[PDB]
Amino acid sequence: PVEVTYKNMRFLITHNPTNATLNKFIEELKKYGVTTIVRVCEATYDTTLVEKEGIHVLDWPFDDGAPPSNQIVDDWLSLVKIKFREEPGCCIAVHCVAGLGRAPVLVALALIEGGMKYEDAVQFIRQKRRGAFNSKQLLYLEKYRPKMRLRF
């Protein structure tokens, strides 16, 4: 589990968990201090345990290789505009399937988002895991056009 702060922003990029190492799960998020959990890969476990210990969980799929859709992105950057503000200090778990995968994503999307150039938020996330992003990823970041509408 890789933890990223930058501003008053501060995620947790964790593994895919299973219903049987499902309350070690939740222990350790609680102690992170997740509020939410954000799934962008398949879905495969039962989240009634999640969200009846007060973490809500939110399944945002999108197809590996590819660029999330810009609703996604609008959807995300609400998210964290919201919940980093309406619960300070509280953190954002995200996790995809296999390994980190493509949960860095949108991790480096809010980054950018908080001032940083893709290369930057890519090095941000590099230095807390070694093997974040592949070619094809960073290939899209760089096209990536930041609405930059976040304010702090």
Second form
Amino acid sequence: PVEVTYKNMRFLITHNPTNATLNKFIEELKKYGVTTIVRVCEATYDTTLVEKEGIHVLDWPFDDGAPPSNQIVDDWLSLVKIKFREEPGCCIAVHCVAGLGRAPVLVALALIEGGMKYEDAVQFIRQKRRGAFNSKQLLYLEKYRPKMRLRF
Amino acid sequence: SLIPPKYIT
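Let's compare: the form solved without the partner chain is above, so bring in the form deposited with the partner chain bound.
Following is the full complex, with the preceding chain placed first.
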């Protein structure tokens, strides 16, 4: 599990925890200040124990190698501007089903929508995760034009 | 009797 920050934002991509570690996961997650976790890939576990511990879990998927709707970008973008101004110092965890999968793509958007060019964000990310953004994803981010309503 | 509910859209 890796982490990346920028301005008021600090994310944490992770690995789809098995039911076999959920108890430990929560402990890890809480040691980072993670308050929310977006699952963008198949859901493989209960959330009651998590939600039990003040950690909401939003479920907004989309097929890897596929642009995350238009709605999903809104919410993500909002969520990111809100949660961070609202909970100073908190982390937001995004996780996929396999491993990184498409999780970086979001974070990227978070960075792009924050005044970073897509490459500036791809590099900034591949700094933590050796290999991410398969050919297709690199295109999506490249084409992506920002709304840019993120105050800092 | 628990599963993963929450979320919104």
